[PDB]
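Novice: In case you want the letters, here they are:
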Amino acid sequence: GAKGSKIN
Amino acid sequence: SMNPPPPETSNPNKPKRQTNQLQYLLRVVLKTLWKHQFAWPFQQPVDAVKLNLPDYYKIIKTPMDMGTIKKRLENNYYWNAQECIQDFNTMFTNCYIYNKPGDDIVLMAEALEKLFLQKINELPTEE
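Just so you know, the protein sequences line up as chains C and A, in that order. The first sequence maps to residues 773 to 780 in PDB author numbering. The second sequence maps to residues 42 to 168 in PDB author numbering.
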């Protein structure tokens with residue numbers, strides 16, 4: 773979302 | 042906005058203490074969450090400039106992160122376990138206030154929070 777994609 | 046100053050991690054006027062439960066909070070609880078694969082977004086204050094989140098610090102007025110918590114524990118900043126527990130809860134609540142369900146950061150927070158709550162259920166005796 774606002775912070776974007778983070779999970780590999 | 043620019044980022045605010047981070048939360049203090051020491052205060053020469055605030056009484057310091059070590060307790061059984063604070064030692065557990067550092068050596069079991071924080072340790073376990075810190076090494077988790079989903080810890081990294083929570084290991085330092087939210088950098089709303091780098092993430093381009095102009096409204097972060099308009100929405101979140103009590104920022105908290107595990108880097109701050111770690112340093113507070115290492116510095117014997119807290120007087121009791123409840124202060125520390127409250128900071129962890131603030132960190133998670135902020136994430137859920139700012140971010141939307143199903144965002145990666147929220148999935149990450151949820152996983153860390155479940156682990157946190159199991160460790161808190163397991164808090165040792167106060168003395």
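For the record, the hints were derived by calculation from the structure and aren't laboratory data. Even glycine gets a Cβ: it sits at the ideal position worked out from N, Cα and C. One thing to keep in mind: the hints can contain errors.
Said to hold, decoys possible - Simulated restraints on C-beta separations:
id : chain 1 : residue 1 : chain 2 : residue 2 : range
1  : C       : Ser777    : A       : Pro45     : 21 to 31 angstroms
2  : C       : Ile779    : A       : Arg68     : 36 to 46 angstroms
3  : C       : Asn780    : A       : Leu156    : 35 to 45 angstroms
4  : A       : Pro165    : C       : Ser777    : 12 to 22 angstroms
5  : A       : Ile100    : C       : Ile779    : 17 to 27 angstroms
6  : A       : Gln85     : C       : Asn780    : 15 to 25 angstroms
7  : C       : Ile779    : A       : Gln85     : 25 to 35 angstroms
Said to hold, decoys possible - Reference excerpt, derived from the structure (chain A facing chain C, CB under 7 angstroms, subset only):
id : residue
8  : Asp88
9  : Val90
10 : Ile138
11 : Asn140
12 : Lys141
13 : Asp144
Unchecked claim - Subject to a maximum C-alpha distance of 25 angstroms in a straight line, what follows is the list of computed DSS-like cross-link-like pairs (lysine-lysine):
id : chain 1 : residue 1 : chain 2 : residue 2
14 : A       : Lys111    : C       : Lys775
15 : A       : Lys55     : C       : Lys778
16 : A       : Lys111    : C       : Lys778
17 : A       : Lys91     : A       : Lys55
18 : A       : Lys91     : C       : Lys778
19 : C       : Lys775    : A       : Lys141
20 : A       : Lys141    : C       : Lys778
21 : C       : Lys778    : A       : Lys99
22 : C       : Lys778    : A       : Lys72
23 : A       : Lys155    : C       : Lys778
24 : C       : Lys775    : A       : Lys55
25 : A       : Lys141    : A       : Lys55
26 : A       : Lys57     : C       : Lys775
Novice: Hints numbered earlier in the text: which of these fail when held up against the supplied structure?
Specialist: Numbers 2, 3, 4, 7, 8, 9, 10, 15, 17, 24, 25, 26 - these are the hints that the structure violates, sorted from lowest upward.
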